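Heads up, the chain below is alone and in the form deposited in one PDB entry; it's given as structure tokens.
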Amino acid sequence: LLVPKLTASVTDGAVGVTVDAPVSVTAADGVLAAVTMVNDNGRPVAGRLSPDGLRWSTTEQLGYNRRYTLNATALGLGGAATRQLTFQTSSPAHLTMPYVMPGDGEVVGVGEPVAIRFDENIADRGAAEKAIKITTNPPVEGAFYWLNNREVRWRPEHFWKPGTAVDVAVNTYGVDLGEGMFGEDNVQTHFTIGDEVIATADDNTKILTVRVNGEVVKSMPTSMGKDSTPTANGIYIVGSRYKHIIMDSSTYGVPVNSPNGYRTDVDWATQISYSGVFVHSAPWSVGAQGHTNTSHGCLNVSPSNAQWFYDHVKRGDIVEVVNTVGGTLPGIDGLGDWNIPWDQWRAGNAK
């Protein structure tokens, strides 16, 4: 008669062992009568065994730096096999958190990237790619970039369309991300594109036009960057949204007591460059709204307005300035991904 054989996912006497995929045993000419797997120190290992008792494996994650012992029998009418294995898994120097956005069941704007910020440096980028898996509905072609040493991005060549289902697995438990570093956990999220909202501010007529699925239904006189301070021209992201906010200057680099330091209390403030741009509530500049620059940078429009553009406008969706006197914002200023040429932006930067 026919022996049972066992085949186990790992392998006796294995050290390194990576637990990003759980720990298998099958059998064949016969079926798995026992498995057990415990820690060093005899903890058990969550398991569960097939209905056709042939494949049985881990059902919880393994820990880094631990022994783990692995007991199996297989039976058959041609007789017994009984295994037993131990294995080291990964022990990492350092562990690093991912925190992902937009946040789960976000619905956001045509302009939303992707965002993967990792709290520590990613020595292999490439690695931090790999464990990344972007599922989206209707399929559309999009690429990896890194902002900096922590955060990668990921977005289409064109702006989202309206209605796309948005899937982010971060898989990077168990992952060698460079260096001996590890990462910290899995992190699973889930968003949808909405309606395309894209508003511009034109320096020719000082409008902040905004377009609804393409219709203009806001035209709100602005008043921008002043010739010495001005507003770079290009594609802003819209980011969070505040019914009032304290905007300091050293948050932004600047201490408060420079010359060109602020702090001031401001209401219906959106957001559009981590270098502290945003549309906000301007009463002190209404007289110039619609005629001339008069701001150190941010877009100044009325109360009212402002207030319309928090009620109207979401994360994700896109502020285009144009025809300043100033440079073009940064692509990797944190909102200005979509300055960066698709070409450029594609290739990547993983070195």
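Residue numbers count along the first chain shown, from 1. Just so we're on the same page, rigid core means the largest C-alpha set that superposes within 1.5 Å between forms. What changes on going to the form deposited in another entry:
Core-superposed comparison between the two forms: among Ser91, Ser258, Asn149, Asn213, the single residue whose C-alpha moves by 2 Å or more is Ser258.
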The other form holds:
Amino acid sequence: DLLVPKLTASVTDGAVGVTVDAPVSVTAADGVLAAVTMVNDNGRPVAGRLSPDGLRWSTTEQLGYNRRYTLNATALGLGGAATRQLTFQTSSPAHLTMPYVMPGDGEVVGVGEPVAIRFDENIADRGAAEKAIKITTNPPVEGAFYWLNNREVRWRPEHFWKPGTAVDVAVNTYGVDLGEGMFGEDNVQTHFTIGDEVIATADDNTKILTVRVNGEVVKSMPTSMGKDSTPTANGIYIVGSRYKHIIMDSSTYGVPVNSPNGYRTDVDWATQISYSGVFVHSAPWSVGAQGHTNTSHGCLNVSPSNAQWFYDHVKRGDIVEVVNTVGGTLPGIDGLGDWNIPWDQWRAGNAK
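Switch from the form deposited in one PDB entry, shown above, to the form deposited in another entry and output its structure.
Keep in mind that what follows is only the chain, not its partners or any molecules around it.
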């Protein structure tokens, strides 16, 4: 004997806290869908599509926070007709946080470049945030998340990227509970590629900044680094932004200008390598000391032509390594200091 059609939805009638990170769907068995409509509270229909075989209907546009939706579906079969009405209520956030991802879409960056997702609000459930961030790499390589502060999480492999790696970042935070009633305001997505290996090494024993490109020495720059009382920290630096010129203002990095180690200086050809305020930059006033003596507040002073060369040939995500200074080691949570955190510590993370 014949059977009556059955209607199954990806939600149920009376549901609350329905999350809007996924489409809503309806499926017919023992029959086909003859009509499916979904309206919000205000009678506005929601866009949807019925599969060609008539069995599956799904929403096709974003579903909104704080809504009551009503589904009406009818299924017909040889055995008769069935109709259902489902009303459900979606998540009601207390807060919304918007994520901002670096590096930029379509960019080509150095082998030291981490994926960065910065939220504009403190994240209570770091684990939920991590889970919602989908990273694809090609060639595939293991990586892991680490939080630099309450708002910004970083993802990187254990070692520098292999040049030519495609990296894809899907921050799928819309509809996701990030804790304490905070939900993602929107999704973001970036895709970037790893370019040549560029590693510049500043050795305090020689006072030379050597630039190597895929293992080959292409540039050797006499440099003057931080004087003993304001040394350049040892360790690994990720290259950040670059400037044809910039006013370096110590107060930006915590030191009052009118302090003994304060300064406010206009400089050319400046490449930032730490949030703490270390740059490679043109320093014509210390060209005599470069290659011989440290005289700066911590920056890598090099000649005008070498600073410009550095500006022209080094890109975001390239690496500067400092060795043998009287300084300590650059903090791992500096912002550009990710690689100074040991991998076991990085991999274990701090989602807590």
